[PDB]
Amino acid sequence: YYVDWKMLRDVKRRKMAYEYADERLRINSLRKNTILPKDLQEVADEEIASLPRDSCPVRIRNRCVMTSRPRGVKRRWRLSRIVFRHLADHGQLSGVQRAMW
Amino acid sequence: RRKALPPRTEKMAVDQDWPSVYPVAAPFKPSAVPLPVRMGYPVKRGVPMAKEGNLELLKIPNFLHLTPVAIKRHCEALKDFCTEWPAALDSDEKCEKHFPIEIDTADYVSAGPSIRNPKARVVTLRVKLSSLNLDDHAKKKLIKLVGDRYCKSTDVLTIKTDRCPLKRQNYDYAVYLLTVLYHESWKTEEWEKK
Amino acid sequence: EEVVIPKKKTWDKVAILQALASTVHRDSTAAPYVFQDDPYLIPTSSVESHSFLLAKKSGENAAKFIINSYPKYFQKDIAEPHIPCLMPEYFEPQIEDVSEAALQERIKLXXXXXXXXXXXXXXXXXXXXXXXXXXXXXXXXXXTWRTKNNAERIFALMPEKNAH
Amino acid sequence: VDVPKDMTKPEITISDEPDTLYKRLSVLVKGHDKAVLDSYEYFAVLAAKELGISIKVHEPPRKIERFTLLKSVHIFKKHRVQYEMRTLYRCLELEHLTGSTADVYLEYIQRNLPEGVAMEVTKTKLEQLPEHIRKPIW
Amino acid sequence: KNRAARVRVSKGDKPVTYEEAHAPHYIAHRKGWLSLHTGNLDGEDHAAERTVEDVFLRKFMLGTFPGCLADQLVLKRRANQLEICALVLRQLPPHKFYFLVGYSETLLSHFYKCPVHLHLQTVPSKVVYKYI
Amino acid sequence: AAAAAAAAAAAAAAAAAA
Amino acid sequence: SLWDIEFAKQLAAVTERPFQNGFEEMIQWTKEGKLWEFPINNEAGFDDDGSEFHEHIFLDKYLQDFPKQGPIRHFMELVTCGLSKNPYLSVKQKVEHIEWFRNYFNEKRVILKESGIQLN
Amino acid sequence: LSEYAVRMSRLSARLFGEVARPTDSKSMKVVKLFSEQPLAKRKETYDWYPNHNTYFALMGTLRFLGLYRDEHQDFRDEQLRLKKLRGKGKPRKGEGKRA
Ligand SMILES: [Mg+2]
Ligand SMILES: [Mg+2]
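Chains as they are written, first to last, in the deposited numbering: chain AN, 28 to 128; chain Ak, 51 to 244; chain Ao, 55 to 163, 201 to 234, 240 to 260; chain AJ, 52 to 189; chain AC, 36 to 167; chain AZ, 692 to 709; chain Ah, 268 to 387; chain Ai, 4 to 102.
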């Protein structure tokens, strides 16, 4: 079990987005190019908008990995701010400490 | 049935060679260390906590396997593997007069399951231009050809090679690049007269 | 001419580790390295040494059992150099109905080997000189009437070269 | 009293090849707490003096990374908690080394790297000239 | 009032470990880090991985040795191997302790695909820093 | 405008580059 | 030969003691492959199919079949140049990209001819 | 700017293996696209989560094999037992609403 249904959704999304990365890239090559004619690019356009909607990366969310919180995340530990503090304050995060200066 | 055995510190001879006890990196068992050591913050009347059951000493990386006697011994065992450094090379001048080409290579060690570090690929090639056989024309043409990779004050040419998966591949590509720069600096062409 | 180069010394991987083990002799006041070093878990007698070490091995075994019982949990790999030694093990036959695979497969694994050779002899599949040379090495390594029966099938069906 | 007899069996071979020369070898140790880096420095220097490796040691400026999070679960934005991570450095700069010596010294040093520290090894190696460049011209 | 990772003052009878008696603002000042690994240093990678690994280890160990864990775990990571070091109450017979040592070390070695060492330090009763 | 001929193949085979 | 294997096992059984030291633990572990090799080289374990830098940098060979003067040369020389700078991919994979383009352009001849440039 | 300079530059690109022929600002993106690792392919992305199924499943089994001891699951259990005893349980599927 992932902690939340939402997290589940996200796992799927990352899987699909991993699978179609090659197709998406190859097509958006054509799409993003001035050199090729527009007639290729409109077909290529429908091509990439044909692809399953959950395969596109912008639909991914970086979520807290233990607690599933959608924001207030620190990218480095993939941790919610709350869970991060909870680990660091027991000193289970090496080299992390309160800051005085 | 409750068993309590006295610590090794009892049976410990005073002059017993220490590296015998901690040959390798070790957690610091308090039972196997003779020295009384109190660490921890004290309490108002009290002292620093004892070495037994002390969690704070357990956190400390201990240099106990590395006590200087153990190093002397270790190194003396390693003297057999090492090979000598050539006499005449003692000064940098002769280094350059003999070996013109410096290849810089990075290697990274970090703790964890995987060895793989992205940064390891990069190979840097530094070469003085004064150590090259270049013509006047060829030298000017090379300088213009490479551009920013050439330092005009120190005359040290720099080739940073990245693009390939392996450091050996990148080494080959930097050397190749150098070769080609030298070969194509000496070729005069039509438009060079323009 | 003034330029002088020495040669390179190629040593085995573990070599430096062994040359370091050479300046360390064995410790007197120390219990055996295998056991835990604390006074409570240090073996007092010979019987305790035995029961302790045997216990540790029974634990190790329990673990390996769990792994090989549910391999999918241990599939996901992290380690970069990829140790093959920490992978779960596969004791199932890789093909079911095909004889020439299932025979050798279930032989490498003793009774399932014979179930396999029986399912190959039931389909009129010819068992060659290597087949029951392996099933024979399995009758020697695993296993008085069944020895006579298996020997009879070894000679009668296939005319096996003696050397096996 | 009890001494094992004939305890040593090292295995070393000499290939005919021209072992690689290292003009300079830099070793950068990052760690969290200073003291460990000092002990490590002591050990490293000692280990090099015994192999006759002739090294210098200097200390690169410390980097402190700070950042902020909210102090409360829900809503008081006015209150925060700030965390640090301090990275401290030592630099071991070795000069005029050989290939084998480098591999040994580095093996020994790297094995004994304490757990809270990291290490970066910059080897500048000496090569004379490539073949096709020597003195041909195309 | 800050509450984080604090053990509040009771009527004055409460036994408190050296660890528990020090609020987060004392980390790196008086008490040290319960883990050590390269990941949180300036130029380094995979901090996240090691954090999750850590969390799972504390949970796992706490469940594998029920009731006998004295203080929170110590996790040292060195050049691809993890040495776990624990303070353990004497509860079990050494049979059960060695069984669990071996079982654990093998299990976790196959889980995390790296050599795992386990070091047990045994203690009569929870070491007491304060009150009591 | 101008398209100049650079020989990939010649310098390739010569410098071990192909 | 199963008997030779059981012989090597019976020999290795008398040969194998429970470890007498840490250095032994590390030695057996290293030979086993569990421990790391020292001094560390991060490229250990991965040679990348024994390829050499010219099977990486120069992709001209796979552009042999493609219209030589067209805008397709422009586009494909860009794709090519991109793959030339790409560390994370193998040779095989780059070539698979190239071929996907071969196949996709050769899939649509129609749109290319109609486009105002005759394209091969 | 001269013709000499442009010939030189063309030679520089061709040599170092960068883009040979003159391109738009807009088209260079293509090169960028193949120079890099596409976002959904990075280990920071598809590998982001730990597999929670493996952790939950494995530690569940190890609980049933009596190696691991889960006090949380135990708490959940005992609470639930006491709840079915008091008479409020979980309705068998399909039964609750209409009945
Ligand atoms: Mg919920
Ligand atoms: Mg978003």
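These are computed hints drawn from the structure, not numbers from a lab. There may be inaccurate statements among the hints.
For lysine-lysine, the following BS3-like pairs were computed, each having C-alpha atoms within a straight-line distance of at most 27 Å [what the hints assert, rightly or not]:
| hint | chain 1 | residue 1 | chain 2 | residue 2 |
| --- | --- | --- | --- | --- |
| 1 | Ak | 147 | AJ | 60 |
| 2 | Ao | 257 | Ao | 162 |
| 3 | Ak | 129 | AJ | 107 |
| 4 | Ai | 32 | Ah | 335 |
Now for the hints, and whether the structure bears them out:
1. Ak/147 with AJ/60: violated, 42 Å
2. Ao/257 with Ao/162: holds, 21 Å
3. Ak/129 with AJ/107: Judged against 27 Å, a Cα distance of about 21 Å means the pair holds.
4. Ai/32 with Ah/335: Measuring from Cα to Cα gives roughly 22 Å; hence the hint holds.
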